[PDB]
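K.L.:
Throw the hints in and build the complete structure from the sequences for me.
Residue strings, one per chain:
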Amino acid sequence: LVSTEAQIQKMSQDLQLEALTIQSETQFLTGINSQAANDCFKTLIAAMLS
Amino acid sequence: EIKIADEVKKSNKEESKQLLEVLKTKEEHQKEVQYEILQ
Amino acid sequence: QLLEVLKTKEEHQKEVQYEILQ
Amino acid sequence: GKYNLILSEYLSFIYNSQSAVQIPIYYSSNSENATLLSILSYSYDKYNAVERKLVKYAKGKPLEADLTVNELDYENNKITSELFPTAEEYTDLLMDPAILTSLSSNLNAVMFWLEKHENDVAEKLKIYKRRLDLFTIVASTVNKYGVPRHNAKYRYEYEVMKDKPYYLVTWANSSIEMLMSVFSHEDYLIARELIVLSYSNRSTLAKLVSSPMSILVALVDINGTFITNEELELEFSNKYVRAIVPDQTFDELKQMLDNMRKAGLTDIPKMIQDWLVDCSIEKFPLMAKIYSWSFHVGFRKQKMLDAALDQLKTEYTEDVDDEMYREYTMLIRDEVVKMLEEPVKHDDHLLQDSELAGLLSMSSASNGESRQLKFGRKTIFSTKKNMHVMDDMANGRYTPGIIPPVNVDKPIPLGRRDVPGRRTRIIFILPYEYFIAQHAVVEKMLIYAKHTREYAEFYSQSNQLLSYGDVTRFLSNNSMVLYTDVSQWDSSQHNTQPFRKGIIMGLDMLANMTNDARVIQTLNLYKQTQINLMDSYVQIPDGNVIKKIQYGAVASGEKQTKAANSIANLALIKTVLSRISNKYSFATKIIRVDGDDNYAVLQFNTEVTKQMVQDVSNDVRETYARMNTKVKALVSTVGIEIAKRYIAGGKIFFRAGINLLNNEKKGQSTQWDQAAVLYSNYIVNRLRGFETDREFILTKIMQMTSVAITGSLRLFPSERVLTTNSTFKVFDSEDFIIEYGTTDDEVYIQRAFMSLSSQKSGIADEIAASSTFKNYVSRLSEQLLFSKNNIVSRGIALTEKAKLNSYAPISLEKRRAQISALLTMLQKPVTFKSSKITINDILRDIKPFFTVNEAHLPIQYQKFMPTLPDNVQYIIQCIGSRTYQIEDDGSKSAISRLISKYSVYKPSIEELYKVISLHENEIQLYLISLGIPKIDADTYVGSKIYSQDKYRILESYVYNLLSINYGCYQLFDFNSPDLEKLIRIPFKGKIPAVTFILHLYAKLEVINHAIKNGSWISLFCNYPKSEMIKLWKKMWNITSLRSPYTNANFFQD
RNA sequence: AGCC
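Quick note, the sequences are listed as chains A, B, C and D, same order.
Under UniProt numbering, the residues of the first sequence are numbered 346 to 395, in order.
Under UniProt numbering, the residues of the second sequence are numbered 61 to 99, in order.
Under UniProt numbering, the residues of the third sequence are numbered 78 to 99, in order.
Under UniProt numbering, the residues of the fourth sequence are numbered 2 to 33, 68 to 1088, in order.
What the hints contain is simulated information worked out from the structure, not anything from laboratory work.
Just to be clear, a hint being listed does not mean it is correct.
Said to hold, decoys possible - Below, in silico cross-link-like pairs of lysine-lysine (PhoX-like), each with a Cα-Cα straight-line distance of 20 Å or less:
no.	chain 1	residue 1	chain 2	residue 2
1	D	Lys151	D	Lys91
2	C	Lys84	D	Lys871
3	A	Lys355	D	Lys1025
4	C	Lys84	B	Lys84
5	D	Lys1068	B	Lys77
6	D	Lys823	D	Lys809
7	D	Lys1065	C	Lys91
8	D	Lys597	D	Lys373
9	D	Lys597	D	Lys882
10	B	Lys77	D	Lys1069
11	C	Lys91	D	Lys1069
12	B	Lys84	D	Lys373
13	B	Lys91	D	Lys823
14	D	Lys979	C	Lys86
15	B	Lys86	C	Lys86
16	D	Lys795	D	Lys849
17	D	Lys1068	C	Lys86
18	D	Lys838	D	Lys419
19	D	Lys324	D	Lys242
20	D	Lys1069	C	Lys84
21	C	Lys86	D	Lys985
22	C	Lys84	B	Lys86
23	B	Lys73	D	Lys1065
24	D	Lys949	D	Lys985
25	D	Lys949	C	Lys86
26	D	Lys1016	A	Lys355
Said to hold, decoys possible - Simulated restraints on C-beta separations:
no.	chain 1	residue 1	chain 2	residue 2	range
27	B	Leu80	D	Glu10	52 to 62 Å
28	B	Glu88	D	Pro1012	37 to 47 Å
29	D	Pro1012	B	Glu74	26 to 36 Å
30	C	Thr85	D	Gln912	44 to 54 Å
31	B	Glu88	D	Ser30	44 to 54 Å
32	B	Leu80	D	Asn824	28 to 38 Å
33	A	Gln368	D	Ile625	53 to 63 Å
34	C	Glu87	A	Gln368	19 to 29 Å
35	B	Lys84	D	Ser30	22 to 32 Å
36	C	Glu87	D	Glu1015	28 to 38 Å
37	C	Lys86	D	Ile980	18 to 28 Å
38	B	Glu74	C	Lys86	27 to 37 Å
39	D	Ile980	B	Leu80	29 to 39 Å
Yeah, the Cβ is synthetic: ideal placement off N, Cα and C, and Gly gets one too.
P.N.:
Right, dumping it as structure tokens:
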């Protein structure tokens, strides 16, 4: 997989989020990691087979 | 204090901790404008 | 008594003028 | 904790009796997993502690001194009763170690080490068998004449040195320093010849061993080099340059190896003998090992007449060619007009008041004569020059216009400064009015030297590959470098008349270029110091008589001697390279002068052969000798000796001669401050190839930092007192790493050292209330501004309070009160409660948000300094050496370009940091106290350019706190593209103060992790927006912990 | 008690 730290840093520059104002483009980075990526791939295949 | 509702102040989240800090550095800027006029 | 002690910081002069945000 | 384990094992050795007990004192951060503060020790039976354990190491035969190897009669190792017959004539100043640690302390630090490593395994056994064979020689020689018991201030009286040889103390000190640096079999064969022969040959041993190093750097081939650009930035170039050497160098190197066999050295001239068969760079650290070990023999302290006799007795003739001296005087005249053309035409404010420019900066002058002063009721003797002004401005004698003569009526006193293995240099002791006249004009000569290619102040940075890297940028197979060693630069004939008349002629073409009445006056007074030094007499005392010797030449200890000696070289080496061009045809690429050691790179048409090297060297020492300046002309094709640095074969080699257990002058420090000089002289020698044991050093910090209040009680401080980041720092846990601790009991003690960081002194508060100090402050406020304000006058009167901290007894009443107030905290474990932001308080908030992972980095860059230790050479080969130097002087800002122009003061970066974050009307109240006018300080405040100057001061202040430009962090590239793959921090805008410190602290934690363990880690800091704003308000109230003995720990020389 |  692509690294978590090497993709969040790439994603945090396309969004251009500022550390002073409060905005809705700082919630795009919540709960994105390498274990939840491996979980959705399993519960989408195994839900269709059963 | 800030006189915002009490379920935002005692909360421990990330979207509610920033809202208290932004309303804390608006008071320090509004007191900075009022002090410069008085001099 | 040095001169760097006597001159008050920015955070001290921001407390003689009080106001509430809301 | 390892220092706490050696501390408990040491007290169980030096106190072998049953009556000795040790009480450890602990403390905690909570009220009710604890680190210990100190260790008490009650011991009562303390007589004859060292003389009883020495007998079990005193085997073999003692050393019999040879008494016919020195030319003088008082340099032999004879008995002191045979040398000094009566106690009234006994000079201690010929053997004084001048360190506050006696010989009976240095013998216990070795006999403690020899007991811990008595039964080790077969690898560390051979080190023990090599350090025991040398200590048999040292013990059996001391035990014959006994151990001399020291004084209360660590000198040696006549009645304890009566039946012993004269240099028994200062030989057993340097030989213990050498046997605790033996690690290999090559280091054992060098240490045996420098211990046996050093007992009799106290004159010419450090000269014979350190002689062939100027020759052996010209034989090693170049295969790949570091070069530098025109602006000083590093480049790597992999050319191949062959080393060409004539047949008369090997007929001179053979003469240097037969002088080392007359003296008795028979195994040091076997390593140079077996290296010359290969002439390889892979065995060259053996040849710099012998050059570094030769400086640990000791200092050559002599009588003042006997060491200034070959210097002050020269043969001046009129059989020089006068056609060569007209171009030499004209080329000095053309420089002084070229340096002061722009500050005289445009009349600068620094030259318009040269009287005030020298008065506010007289803390940078050398110490003058010892003179009796009166400050109220007190009578003190001082040699500082700004104390002489306060006594002369009161009694109606301060005349800065009248410059006193230095002829036969009032001669110049003479002071010395010596280095082992070299000759001595004399230092003038001038009056205080030769500093006022020569300060505002010399400071305008050293700003031109910082922008000119041929001077040494251009290539003056913190790094050492960017400074001395322009040597090898013009090197090829058709060029040669020409470094010449002028023997007696101070008293040559080209320095007396044509050098003083080339400056005087240059100040008369600058009296017609201006129109003010002040700039003609300060150019006339700087001219007046040259006519008086044209015929100067010197004063040397010997015996009963005082000799007055005529000396019209140039010595050091003046103010212009760093910037006017560099002009006399660039005018003399320009005249010699014009006389050698009648036999050859070249093009001079670079000339670079640094005092009296220089080089010049000549590029030829055809390829350089062996005949064009032997016949250029015979036309340099024959053209110089036509001008009566005898030289040792050396030409080379690959490597030179620039000033104390040896660039041999593409790599750069330093000298590692710093005497640990000896000193050349009796310093004015305590024991606590000299236990950090002893450690910082061990880190310097470890980075240059002379590795002393750490456990001998940590034993020497144990015996120097301890302080007793009673004859039966002792207090030994622990590791956490000495290692923490405070005023009382002595050493670090790991060697080359400066660590900022983050624990709830480690910030608790660093705030506990904040109360007694500032103490008061009873001497300086009685001087500051006297009448002659108020008369000195009042007459400085008259010249600084025409008006009178109460704000500036208290701002002046409390500025010369800190200038009295340069006085030696005043700076000892503070430090003796630092340690005496620490003893009430190491005994009572409870401390006080306070809150003040330090650098550790900021790092408490950043560290719990970093997540580490394992990572790897392949080697891509190569090593240019091959004597560095192994854990530092893994960092350089993986992220790269430094390319360009980032400045932290702050002069690129707009406030430090306003202070330097309109005033003569220089404020510290810890002073500009505190005042730049205040309001508008607080920068006004501070800038007037500096001497800036009201109309100028109303411009800078009213322009709102201070808001964009906040980030140029914080950038140069944090680089001073974390010590990035200094220390051992001045080798690694911080903007490297191989550290950014490990640091993965997402960017959050609009707060630049916090984002800067997230990237400067993450760059240090990766480097400090790869020195401790040798493996790289990668960081990730998803810092929240709600913690950036809380850290933003603490980035301006940060306070530093400054110590006077730590400011010398930033530079190496 | 003071640059020994």
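K.L.:
Do the alpha carbons of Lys795 of chain D and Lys849 of chain D lie within 20 Å of each other, as the hint requires?
P.N.:
Distance of about 6 Å is within 20 Å: holds.
K.L.:
Range first: 52 to 62 Å. Now tell me if the beta carbons of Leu80 of chain B and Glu10 of chain D are that far apart.
P.N.:
55 Å, holds
K.L.:
Using the C-beta atoms of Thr85 of chain C and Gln912 of chain D, is the stated range 44 to 54 Å upheld?
P.N.:
About 52 Å separates the Cβ atoms of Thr85 of chain C and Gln912 of chain D, which means 44 to 54 Å holds.
K.L.:
Is the hinted pair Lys84 of chain C and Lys86 of chain B satisfied, with a Cα-Cα distance of at most 20 Å?
P.N.:
With Cα atoms ~25 Å apart, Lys84 of chain C and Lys86 of chain B exceed 20 Å; violated.
K.L.:
Take a quick look at whether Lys949 of chain D and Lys86 of chain C sit within 20 Å of each other, Cα to Cα.
P.N.:
OK: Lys949 of chain D and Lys86 of chain C at ~9 Å, within 20 Å.
K.L.:
A range of 26 to 36 Å was offered for this pair. Does it hold for the Cβ distance of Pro1012 of chain D and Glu74 of chain B?
P.N.:
33 Å, holds
K.L.:
Straight-line Cα separation of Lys86 of chain B and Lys86 of chain C no greater than 20 Å?
P.N.:
19 Å, holds
K.L.:
Is it true that the CA of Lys86 of chain C sits at most 20 Å from the CA of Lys985 of chain D?
P.N.:
15 Å, holds
K.L.:
Between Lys1068 of chain D and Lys86 of chain C, does the CA-CA distance stay at or below 20 Å?
P.N.:
This hinted pair holds, its Cα atoms lying about 12 Å apart.
K.L.:
Per the hint of 37 to 47 Å, is the separation of the Cβ atoms of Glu88 of chain B and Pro1012 of chain D within bounds?
P.N.:
40 Å, holds
K.L.:
Does the alpha-carbon distance linking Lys91 of chain C and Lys1069 of chain D stay inside the 20 Å limit?
P.N.:
16 Å, holds
K.L.:
Does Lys355 of chain A lie within 20 Å of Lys1016 of chain D when you go C-alpha to C-alpha?
P.N.:
13 Å, holds
Violated hints, listed in ascending order, are 4, 9, 12, 13, 22, 31, 32; each of the other numbered hints is respected by the structure.
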